[PDB]
Amino acid sequence: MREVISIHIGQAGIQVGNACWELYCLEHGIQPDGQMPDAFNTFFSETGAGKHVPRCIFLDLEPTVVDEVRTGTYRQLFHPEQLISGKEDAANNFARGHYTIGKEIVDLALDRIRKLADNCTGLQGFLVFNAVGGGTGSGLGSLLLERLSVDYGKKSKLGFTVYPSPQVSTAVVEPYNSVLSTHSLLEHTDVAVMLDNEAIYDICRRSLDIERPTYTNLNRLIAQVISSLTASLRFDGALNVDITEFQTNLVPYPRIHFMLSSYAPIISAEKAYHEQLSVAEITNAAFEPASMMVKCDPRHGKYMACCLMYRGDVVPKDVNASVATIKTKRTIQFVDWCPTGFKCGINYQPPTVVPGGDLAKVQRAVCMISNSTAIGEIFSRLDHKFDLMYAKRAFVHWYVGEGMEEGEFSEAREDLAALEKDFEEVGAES
Amino acid sequence: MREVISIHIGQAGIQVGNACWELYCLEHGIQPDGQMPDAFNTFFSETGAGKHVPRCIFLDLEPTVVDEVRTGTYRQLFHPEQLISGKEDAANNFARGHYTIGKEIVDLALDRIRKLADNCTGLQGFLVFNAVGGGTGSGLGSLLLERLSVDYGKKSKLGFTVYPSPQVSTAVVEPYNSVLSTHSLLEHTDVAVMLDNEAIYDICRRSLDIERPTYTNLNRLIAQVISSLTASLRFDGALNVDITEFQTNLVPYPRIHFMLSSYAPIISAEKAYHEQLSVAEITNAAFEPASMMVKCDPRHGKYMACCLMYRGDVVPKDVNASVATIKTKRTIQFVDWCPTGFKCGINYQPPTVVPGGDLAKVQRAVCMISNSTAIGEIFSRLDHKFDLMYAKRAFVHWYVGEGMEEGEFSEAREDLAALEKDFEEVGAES
Amino acid sequence: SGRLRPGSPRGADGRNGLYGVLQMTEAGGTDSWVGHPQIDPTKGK
Amino acid sequence: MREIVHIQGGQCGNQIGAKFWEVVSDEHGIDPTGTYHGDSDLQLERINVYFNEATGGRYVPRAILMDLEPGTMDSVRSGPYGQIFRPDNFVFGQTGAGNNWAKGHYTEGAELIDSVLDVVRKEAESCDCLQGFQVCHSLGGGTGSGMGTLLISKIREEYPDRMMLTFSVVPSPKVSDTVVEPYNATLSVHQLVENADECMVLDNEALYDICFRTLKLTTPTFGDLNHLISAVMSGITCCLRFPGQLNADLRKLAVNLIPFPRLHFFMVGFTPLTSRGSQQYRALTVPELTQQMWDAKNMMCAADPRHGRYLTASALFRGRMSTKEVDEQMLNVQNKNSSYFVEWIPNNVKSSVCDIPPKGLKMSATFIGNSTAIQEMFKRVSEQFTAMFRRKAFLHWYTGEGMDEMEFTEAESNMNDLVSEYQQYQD
Amino acid sequence: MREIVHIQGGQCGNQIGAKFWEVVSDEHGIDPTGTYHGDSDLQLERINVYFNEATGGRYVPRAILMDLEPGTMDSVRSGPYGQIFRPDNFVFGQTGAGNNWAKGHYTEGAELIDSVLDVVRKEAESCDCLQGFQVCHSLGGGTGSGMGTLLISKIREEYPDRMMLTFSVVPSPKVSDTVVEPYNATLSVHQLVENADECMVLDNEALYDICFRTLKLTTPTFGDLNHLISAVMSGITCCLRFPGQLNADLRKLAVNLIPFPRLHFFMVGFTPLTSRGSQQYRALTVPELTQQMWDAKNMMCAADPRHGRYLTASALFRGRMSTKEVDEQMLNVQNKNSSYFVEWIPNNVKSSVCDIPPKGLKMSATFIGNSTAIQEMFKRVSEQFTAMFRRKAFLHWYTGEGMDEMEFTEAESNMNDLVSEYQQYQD
Ligand SMILES: Nc1nc2c(ncn2[C@@H]2O[C@H](COP(=O)(O)OP(=O)(O)OP(=O)(O)O)[C@@H](O)[C@H]2O)c(=O)[nH]1
Ligand SMILES: Nc1nc2c(ncn2[C@@H]2O[C@H](COP(=O)(O)OP(=O)(O)OP(=O)(O)O)[C@@H](O)[C@H]2O)c(=O)[nH]1
Ligand SMILES: Nc1nc2c(ncn2[C@@H]2O[C@H](COP(=O)(O)OP(=O)(O)O)[C@@H](O)[C@H]2O)c(=O)[nH]1
Ligand SMILES: Nc1nc2c(ncn2[C@@H]2O[C@H](COP(=O)(O)OP(=O)(O)O)[C@@H](O)[C@H]2O)c(=O)[nH]1
Ligand SMILES: [Mg+2]
Ligand SMILES: [Mg+2]
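Listed in order, the protein sequences are those of chains LL, KL, o, KK and LK. When you line the first sequence up against the entry's author numbering, it's residues 1 to 37, 47 to 439, in that order. When you line the second sequence up against the entry's author numbering, it's residues 1 to 37, 47 to 439, in that order. Quick note, the entry's author numbering runs 113 ahead of the 1-based positions in the third sequence. Once you know that position 370 of the fourth sequence is 370 in the entry's author numbering, the rest is easy, because the numbers rise by one and skip nothing. Once you know that position 80 of the fifth sequence is 80 in the entry's author numbering, the rest is easy, because the numbers rise by one and skip nothing.
It is worth saying that the hints were derived from the structure and are not from the lab. There could be a bad hint or two in this list.
From the structure, some residues in chain o lie toward chain LL, with a derived Cβ separation under 10 Å [as the list claims (entries may be wrong)]:
| hint | residue |
| --- | --- |
| 1 | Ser114 |
| 2 | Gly115 |
| 3 | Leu117 |
| 4 | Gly120 |
| 5 | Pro122 |
In this text, a Cβ means the ideal position worked out from N, Cα and C, and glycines have one as well.
All chains, full assembly: derive it from the sequences and hints.
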């Protein structure tokens, strides 16, 4: 059966996953204790008599974010010993989370992975949730993905990593942590999905018209992106898209696997009655640059490949009609060597809305994830800011003391240089 | 399918629009919330289940008039992002409306016509409402028609425009804004209709018999003029006329497109019972100067082309007889090179009375739109007062401070100067 | 023992399939267009 | 088995044919649903001329409805007898002509006329033998004038051996429904002289006078006007849809009435027009039918027959009639006023008899006249054209679609040539 | 007593065949429970072509469902008419090909085909006479294309004298549903040309045009496209299931439609397709279906038949009809556009008559056309493969499953050779 294991690393992994698992219970009717009053098999495990346990581990060195789940309203849904904790956090240091304090915890993590892998019959992928800005999500996140690749070869892994914003930075050593984190994201993860905070901040102020959004509002709609992506394994439709289907259609080159994300219909409550929800205009809203979940302009680069995760009552003619109008517009640009650039997937269940959420009930939904050459500027601003602080050797003595030495900054830098020339050479016309 | 997009700029545009969209709901049974308890496609788009949203925009720099729509009885009818607001008003400065504080709103505006353009199937024209007396109506009106020309080419933008009266004026700087806005109005607007406040003041005093009319009572009969000429697209008749029918039949020369307006049975409640309203009687009363929307004597000029739009129980013979009676009469004088001076349009639905309004329920009404040579007397009036203030260079430092240079006033003067020779050349016999 | 199957979308008038359209039954029903492809019956003046 | 394919063009053309298919089906007995309910075998004997047999007894007309504004197809569909037409024959566009001849002929005509000829060639190739095409339009508009003459010129190239019976509503002298009536007419008549095999000129001002003087109708609507022209169109093809004593089909009248190829415009009148009050007083006999036939007011064209000589006139008598009063009354109208007839044609007038009358009426006749008095109708429109053309009024719109000023001169040159040819034989 | 084994591959094959097995079961009058409830003895006369006798009168189909994703086989068993298929034919995998032609053929497909080959050998040896094999798949996929063409290779080397009808949905040039459409299609054609005896070409945009233009359907859903494809496959084998005046089985059409062994790709449209509002207006006659038969819009392949000459065309008329009316219409279309047919094979289009029509139809026809106009479709796939192969984009998934660079060059080699031979005979 369709089985996926979602690992959650760092505080941003837990907070996104806590909102992600909030949406999963409402879609499949699971009461928060874990008693339902065969779609549950993708994310939940049958357990004895009327009990369902999630196929996830909430691992974080910081105890206070995990302990919120233990004392929260989902104390009985999760397995008590899946929620791996630690003594002290990584203190936003890649060196601590990967070498010193993350070594004794990652061995307990792979023991949890093996028991969850033996329970599932056919495992289809790993959804890793972390942020490259922090020490735990980068240091322990790279450590977890190293052991998972050797333990499980040729098996797909999807990376939903939150990257620093150009204007908003909640910590100082985020450019240092992201460069070290992205060293592992190339050779280990087969699909990486870029995320950014200030872009989702810009969506909430305009589309959701909320004036001061919090992290909870950001986490609730990124959950809708995950649930729209995995909806084909749970709910069937006209054109199903597997998890293993994503790698063949969106990764043309082995080192090119970073993808933007976009959820097209994002409409508040009173807005929806006046708005005409149609297949054509939602597809047009999907490609609109302010609907990107990552702070980037798609007009700067050219689209390499795209996948359209349609949901709800969508006839396959209308998506065929909508895609044709998308190709005709000159405002977007496709790369010259890829005439067949669109993946379409239709699911027949509309996305459920959580009570009290900002999103309103919509009959149709389109999740837009594309591989683009415009993603190169997102790595460039992190590359340039990294070299500014590394020029005068700032915040290095923290990394020097705990395991790492001065060399590993150079190989992490020049691997991003190989990434930067990869996007420019491939996107160039031949 | 037929549909028209209504655009209302400025406080004069919104207040007519409040009276306009009050009227359009009455012919189609739309309640103020927006639920009908299929001829509405010209003005309303069927959204979702049983909700209609107007095909309009309410844009104004001054927020004090757009929020009255938002807080009024038509809160639920209009889409909230459809109504466009601004931080500060133009303060009757054309330079502010065109250069300084006008560019930041027009970018948001053109994204909103575009979404109404994609929602609608086959567009017939744009109905633009503005007044040249104010900086918002002139400045933003001049910008908006220019952007619609380069985006939607050869689409008949049919305009209704309010002009300063000789006897009564509400602002000192009206002649500067009128001349500047007219220069953009020649090269952009395909069909423009002349409106003047003091003639309607005489209409309210003489025909409707109201001693103190207000601006609300003015726009109520103005909206009847808008609804009558567009009623042919909404409801079938014996001789229907479209928006494209007007431009190819009432515009003899590409710069001579300034057509007058007149209405028939402008008759109060108690006056309607005693009045014997017949097709011959209402045609004669249409061409009287008392029923003219603009304070200009048509006896001084020659009618180049006139169009009659009849509504109600009009047999086509009686309108055919009324054409012969007007042309035989010596007082109404036509130009020597246009024997076919008239166009008849018959619609089968009588005008709908606004409840609580001053107009009465009437079976038959005629909207008289005429292209005459007496419009040049209005433009000779505005040319004289413009030269009086410009000689001493009065109220110019407001304009040249806010972006403009001195040269725009002279070129607008010369361009408007060539209009009165053009109206004299077209009127002179040969 | 299976998969959740949501209802496949039906547009209007309960057209379950091409049974009537092929096998020549239930004639006289509404169509998508009669003239230009944009227009539809019962919509107009 | 002499089939006629009918095409309706424009707002006026759709409305005149809407009443036309209502009348001719009422004569043949087809209900608005489509079945047959006549009480005579002769009604169903010749239905192939205007209807196609379908499965289950349904009859579909050989009608193609064309325009550019979807308002009129809403008018013909919502009106009675509007469900009989083929849904595939509803070919048109969405832009609207806007009463511009150049737009109706050049810009949107390229996309429209490709689809319409596919429908027309489907109707023509279905039937075994063609007699001709009966089109109806107006000359004052642009939706049926420019688009229709584009169709007529294109369909005569495809089928040159079949006749073209066109019905035109020309502009009025007294009034004008559109401002650009001289522009639309003079370009349309420039196209009708070389393409249409014969034309039957109609106009509202002659119909309005008939609806008030003879018919005495209180409220003549366009539905009232449409029935008068439609009553002719049934009577022209009466020898085709019905057997007759002296048969005269659509090619019989073509060679009889037309001396020269340029002179193919007719003034038409329907004879037994009575008011509701004067139904009992008037005795339906042939000699009083002839004086109403040759009355100037009974002509459905504004040209006055007294001003010019008749070249050749034809009469289509219907009913149980004997053929001396068919012939002596047509002989008597010659000798009573021989100055009003062309000298170099002996017995200018003409007649034929069909023994099947219309529904409920005993005697009827339809009059076709080719007189030189119609020159002042073309002289006036040419006079109205040259006044506007010198000042170039209402021309920046027409030159927008791509009509150069040379084509307007050539259209006016043909009008002066055509009006002089009628004056050539008048002397 | 002629049997064909039905095999469905991939999501496209399983969904089309499930709707296909609904139609022929409805045509043969058997309930979804599996018994017989028809009112005619002609329906039960030949059921062995599609159904095997079971105990209690159960009629199990000769269907073998083979795929990778277990959701697809769970979908067919959940829907109506899904209990007719035997679970011993439900062979399936777990991993899923993920639209990888190399994964469905070389690496993963080895562990499944040995199970599939045992099942298809069981169905073949049970019946006495094998007429052929009927498989349904697509070309842009990886489950039905990589593994489906592997089945064609193994079943032809073991049954070399038996027919092979492949109904394949080619990628659309206009719209792309996946990103690896030309990679999978050119590799699938590279295997199909030497193994598949008769290949049928379908595509989604031609089905969408028929449902909008001719059928005038408001919302043509995902299952509506399969129903017209189902109507195609029931029309090809109408000779086997029902008696006819002139017989034409699979081998009859094999020798007729195939001049040379490499040219076997065909294209088929169903004839009596009308909108629900236009059923009562149309008259169904042999010339009426023939005109709709040769129209370009009625074809279920996006290749334009006006561009390329027809090498050989076949028609399978169904119902009681005059035989020369079918015959003279083939002579009628041979003379009206002889340039549209090929010259060195005179009398290209040739037909067959069956007296048993489908349910509710008085008359129908299934038209098979082997035309050189299909070469513009294959070069559209070929030019997309060459554009992607020069940059080696989306290629490391294929070479990770054991595919060397030589297989792509050979796939492009005979693809250009195939469009060369079609172009060579067009001259
Ligand atoms: N989308 C989203 N991002 C978050 C949220 N909370 C924190 N983040 C991101 O996470 C970053 C903070 O670093 P983390 O990766 O969370 O730190 P960590 O993994 O806990 O490592 P330590 O703090 O050393 O234990 C911030 O810059 C945010 O961008 C959240 O609720 N939603
Ligand atoms: N007919 C009519 N005219 C009005 C009405 N209200 C204002 N006007 C006229 O419109 C003129 C000014 O028009 P606008 O440009 O819209 O004024 P505005 O939008 O407030 O522009 P600013 O004052 O610069 O903000 C005034 O001189 C009035 O004569 C109204 O309700 N009806
Ligand atoms: N008899 C009759 N004449 C009509 C009708 N409708 C319009 N007309 C005439 O048509 C002329 C206007 O032409 P128009 O309809 O604009 O032509 P179009 O451009 O082809 O649509 C007028 O002089 C009317 O008298 C009708 O229903 N009956
Ligand atoms: N007409 C039709 N086309 C289909 C159907 N299912 C899939 N397709 C087409 O097949 C292509 C996708 O192939 P896919 O299902 O992934 O092949 P697979 O790898 O064998 O599962 C798309 O282009 C669809 O247009 C169907 O039921 N009907
Ligand atoms: Mg932390
Ligand atoms: Mg103001």
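(message) Of the numbered hints stated earlier in the document, which are not met by this structure?
(response) none
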